[PDB]
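Asker: So the chains spell out like this:
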Amino acid sequence: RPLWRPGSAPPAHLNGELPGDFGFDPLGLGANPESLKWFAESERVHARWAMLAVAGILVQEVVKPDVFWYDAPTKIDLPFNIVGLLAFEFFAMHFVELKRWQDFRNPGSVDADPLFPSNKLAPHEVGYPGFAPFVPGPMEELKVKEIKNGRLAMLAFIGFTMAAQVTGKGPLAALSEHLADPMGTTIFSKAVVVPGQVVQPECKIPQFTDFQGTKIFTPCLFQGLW
Amino acid sequence: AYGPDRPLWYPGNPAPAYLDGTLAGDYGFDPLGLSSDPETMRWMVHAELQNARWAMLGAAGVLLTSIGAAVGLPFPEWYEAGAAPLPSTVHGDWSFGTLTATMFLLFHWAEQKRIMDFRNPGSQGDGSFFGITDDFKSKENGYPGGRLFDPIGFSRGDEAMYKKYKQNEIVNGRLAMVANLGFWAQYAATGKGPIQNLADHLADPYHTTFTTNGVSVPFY
Amino acid sequence: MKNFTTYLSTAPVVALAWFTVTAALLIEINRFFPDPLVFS
Amino acid sequence: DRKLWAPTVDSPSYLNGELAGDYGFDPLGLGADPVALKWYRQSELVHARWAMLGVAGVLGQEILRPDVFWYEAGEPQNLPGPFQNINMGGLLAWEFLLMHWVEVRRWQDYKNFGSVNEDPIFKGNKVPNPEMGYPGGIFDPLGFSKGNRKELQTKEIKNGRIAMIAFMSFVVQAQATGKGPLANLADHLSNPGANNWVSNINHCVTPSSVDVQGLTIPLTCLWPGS
Ligand code: CLA
Ligand code: CLA
Ligand code: CLA
Ligand SMILES: CC1=C[C@H](O)CC(C)(C)[C@H]1/C=C/C(C)=C/C=C/C(C)=C/C=C/C=C(C)/C=C/C=C(C)/C=C/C1=C(C)C[C@H](O)CC1(C)C
Ligand SMILES: CC1=C[C@H](O)CC(C)(C)[C@H]1/C=C/C(C)=C/C=C/C(C)=C/C=C/C=C(C)/C=C/C=C(C)/C=C/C1=C(C)C[C@H](O)CC1(C)C
Ligand SMILES: CC1=C[C@H](O)CC(C)(C)[C@H]1/C=C/C(C)=C/C=C/C(C)=C/C=C/C=C(C)/C=C/C=C(C)/C=C/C1=C(C)C[C@H](O)CC1(C)C
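Protein chains in written order, with PDB author numbering: chain 6, 29 to 254; chain 7, 25 to 244; chain J, 1 to 40; chain 5, 31 to 256.
Keep in mind the hints are simulated off the structure, nothing from the lab.
A portion of the hints provided could be inaccurate.
Some, not all, of what chain 6 presents toward chain 5, calculated at C-beta under 8 Å [to be verified]:
| id | residue |
| --- | --- |
| 1 | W32 |
| 2 | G35 |
| 3 | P39 |
| 4 | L42 |
| 5 | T214 |
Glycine included, each C-beta is placed from N, C-alpha and C at the ideal position.
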């Protein structure tokens with residue numbers, strides 16, 4: 029089994045069955061088996077949401093390079109009122125999340141169309157609803173690609189947000205700024221903490237961003253610890 | 025710790041009988057036999073697992089707000105973060121008298137349940153509070169494990185990690201308690217609050233000691 | 001400590017404590033509410 | 031029997047003579063625990079190999095480029111070629127990750143000897159690493175360990191121990207006189223009695239602090255300056 033650090037010893041709890049296991053639990057978080065099962069659902073859900081997000085942020089910068097992803101909501105004209113969009117979004121997400129969770133709670137209970145009992149999802153593993161019209165390659169191989177791709181995406185998002193707080197531009201603009209002066213755009217080249225001095229990158233995010241007349245508090249993640 | 029040959033406080037001096045070495049951070053240190061009684065030990069262990077935990081949170085705050093005020097971020101220093109105006113609430117404005125009363129009221133409820141389980145183990149786990157039972161049980165004195173107090177499951181997981189984690193907590197808590205006396209004593213001598221005292225000591229390390237502060241050494 | 005607490009329970013020690021608390025209470029009461037001649 | 035550090039001493043048992051340069055010199059009994067001896071040895075070898083490189087650079091740099099004071103050569107402007115006034119933060123970035131990989135890999139050879147020996151990216155390419163601290167292979171290209179490596183190891187440790195002592199001389203005799211290693215030899219040979227440690231130890235000749243590209247770096251002399 030490939031390990032996060034060659035020569036390391038994987039923790040007992042990680043015998044390896046979950047796709048993308050690399051014996052990485054330095055603090056032993058998923059020591060409890062049920063806890064590991066939950067964390068496993070969290071990892072997949074986080075990765076899939078992040079994978080869609082990272083892609084969207086990049087696309088919404090190739091198509092509309094003007095609107096900044098961080099302040100996109102305040103820079104875009106919603107076809108519907110936020111209250112109405114948020115209301116629908118809440119009920120929509122609430123429904124899918126409830127059925128999604130019920131499966132994790134009691135496996136194989138929500139695996140059927142409630143409106144049309146004729147429709148019923150085939151038996152499936154938790155975390156994998158069953159929507160697999162096309163699977164290009166071994167399921168486990170694609171599972172590892174999904175978790176590896178997802179883990180990379182989740183890290184990329186934090187990078188998108190932090191870069192958007194240190195600089196005031198999106199991922200593509202920031203990367204170009206790096207490609208222009210590679211040895212003078214790194215975080216080290218913009219922030220240094222010496223035993224006596226404290227140079228921290230300026231927060232390019234207004235503490236509060238007004239939205240449709242409602243100033244929305246937008247804090248720079250731990251601006252005090254940079 | 026967690027050993028019969030655990031490192032002790034005064035290498036050479038034998039450890040107290042009551043201090044076997046099981047208790048977290050046990051170094052056989054009870055010179056005035058304060059915990060000679062076994063029941064006293066249990067109470068003292070719980071009390072330490074109470075002062076240290078609060079002290080740890082308090083130290084995290086005096087350090088985070090201080091770090092902020094030094095970087096520039098509007099943060100009142102620990103000493104003046106009480107006269108700071110209380111924030112408003114959707115319900116209404118906050119009043120100091122109500123704030124104190126609410127703080128004690130809530131604390132009385134939690135303290136009662138904690139002490140009641142301490143006196144009567146599992147007493148709180150009677151589904152009396154909305155059916156919560158095992159989550160209201162106590163894995164050990166000062167260790168109220170469950171799915172509400174240890175959500176991630178360090179206690180439910182590897183005991184070695186749990187035991188190691190228990191030592192980390194005791195040692196860190198004792199340090200935080202000592203650190204807190206510092207934050208207070210350095211204030212009541214320098215009048216500046218930490219992170220300013222760390223910054224002064226790192227700018228003139230030799231001429232910025234406790235000896236040169238007026239209050240510490242009176243003659244000097 | 002079991003035998004130290006036993007000593008701190010002996011009549012002379014307990015009386016010294018009880019009285020000190022009672023005395024201090026009356027002193028503190030007059031300290032904040034002085035000249036209590038009548039119950040008004 | 032091996033010759034020991036003093037004509038009257040008796041070697042500590044743990045120092046049986048296996049390690050190179052075993053002159054039974056452990057007055058503080060630091061290497062008594064076999065784990066610590068193992069670690070300390072790796073630290074000795076790393077410190078020696080780094081000081082032998084260092085004592086060559088100080089001497090060499092002076093011989094060739096004599097304008098730059100060894101003590102003041104890490105300044106961006108002092109840096110030669112284009113390196114002059116190069117963002118030190120960006121430079122640190124390179125010196126950081128690159129050093130972190132080589133060091134961590136070496137550390138994992140301590141934690142699990144002969145475990146990190148194969149090229150992680152490519153494959154098959156492996157290093158003999160016969161002894162911890164002596165990888166050989168690509169690390170020994172011209173192949174001189176193939177002979178009596180132990181004898182060569184003895185020369186290496188003895189030369190390194192002399193260097194370690196010499197580089198800390200270069201450091202002191204430079205922060206006192208203000209001149210390099212061979213310049214201090216020249217001054218002595220000019221007027222011996224008048225250019226000694228007596229007429230030079232009463233002054234810490236070297237800046238109290240150095241601002242590097244906006245980052246002030248405090249400096250100090252090993253002996254409290256008179
Ligand atoms: C989205 C959150 C998330 C969650 C819930 C998990 C959960 C899990 N991971 Mg995982 N991981 C994540 C993100 C996450 N991971 C990311 C982003 C990476 C890329 C670095 C990895 C890389 C990784 C590897 C290589 C391995 C795991 C493994 C595991 C499983 C066992 C380890 C464990 O129990 O830790 C539980 C994890 C959590 C409880 C979440 C931690 C949340 C804390 C509170 C946040 C702390 C800060 C955090 C590091 C964010 C940093 C932000 C910034 C500094 C970049 C477990 C079910 C092991 C495995 O596959 O076994 C099956 C394993 O080998 N993960
Ligand atoms: C896949 C993750 C990833 C990648 C590829 C990058 C890439 C880059 N980052 Mg970045 N970053 C990341 C995550 C990542 N970051 C995260 C999670 C954070 C929050 C802690 C940050 C916070 C951050 C700041 C504040 C800044 C950058 C900056 C930069 C650019 C170079 C300058 C620099 O200082 O880099 C430094 C890199 C870091 C500070 C963190 C990267 C560490 C990642 C997570 C490890 C990934 C290792 C793995 C082998 C992947 C390798 C990369 C690639 C093969 C995918 C560069 C293109 C600078 C910039 O914006 O340029 C103008 C800069 O200001 N990043
Ligand atoms: C950091 C450098 C370093 C390190 C890690 C070691 C480590 C070791 N040496 Mg060693 N040695 C060194 C430098 C070093 N040496 C130098 C420069 C010399 C030349 C004088 C020697 C000469 C020497 C001899 C003759 C012998 C050893 C031996 C040993 C081993 C005995 C176990 C021990 O006591 O470890 C502990 C040692 C350390 C932890 C080194 C740290 C130094 C301590 C903490 C303080 C020293 C400060 C020092 C006086 C400052 C000098 C300044 C000056 C140059 C201006 C051990 C593994 C014995 C051996 O070979 O066994 C196989 C032995 O016979 N060494
Ligand atoms: C064991 C033994 C035995 C023998 O026999 C005898 C003897 C010796 C006596 C003993 C010993 C003992 C000891 C040492 C003790 C100590 C303790 C401590 C220090 C504590 C702390 C303690 C400390 C603590 C708690 C702390 C606390 C704090 C808190 C909560 C908080 C605070 C704050 C903050 C956040 C900030 C803001 O702005 C303000 C405030 C609000 C103010
Ligand atoms: C239960 C649970 C369960 C689940 O499952 C999971 C989880 C959630 C994870 C868990 C939790 C946990 C926790 C809570 C923890 C905490 C911690 C802390 C905060 C600590 C502190 C800690 C803190 C501390 C130590 C403190 C420290 C401090 C100090 C020393 C001081 C220092 C100093 C002083 C004197 C003053 C000056 O001027 C400055 C200086 C020099 C700087
Ligand atoms: C054995 C024993 C045993 C018993 O038990 C105890 C006792 C006796 C204590 C012990 C002893 C010990 C010792 C002696 C130690 C020593 C150490 C040292 C001296 C090191 C050095 C060390 C040193 C070193 C590393 C060096 C380093 C250096 C380097 C990297 C570099 C430099 C430089 C050069 C090139 C040039 C440029 O332009 C600049 C720079 C960059 C600045």
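Asker: Hint by hint, say whether it matches the structure.
Answerer: Hint check results:
This hint is violated: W32 (chain 6) has a C-beta 12 Å from the nearest C-beta of chain 5, more than the 8 Å allowed. Evaluation of the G35 (chain 6) hint against chain 5 yields a held restraint, the C-beta minimum of about 4 Å falling below 8 Å. A cut of 8 Å between beta carbons decides the hint on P39 (chain 6): the least distance to chain 5 is about 16 Å, and the hint is violated. Here the hint on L42 (chain 6) is broken, as its CB sits about 18 Å from the closest CB of chain 5, past 8 Å.
With a least beta-carbon distance of about 5 Å to chain 5, the hint placing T214 (chain 6) at the interface is held under the 8 Å criterion.
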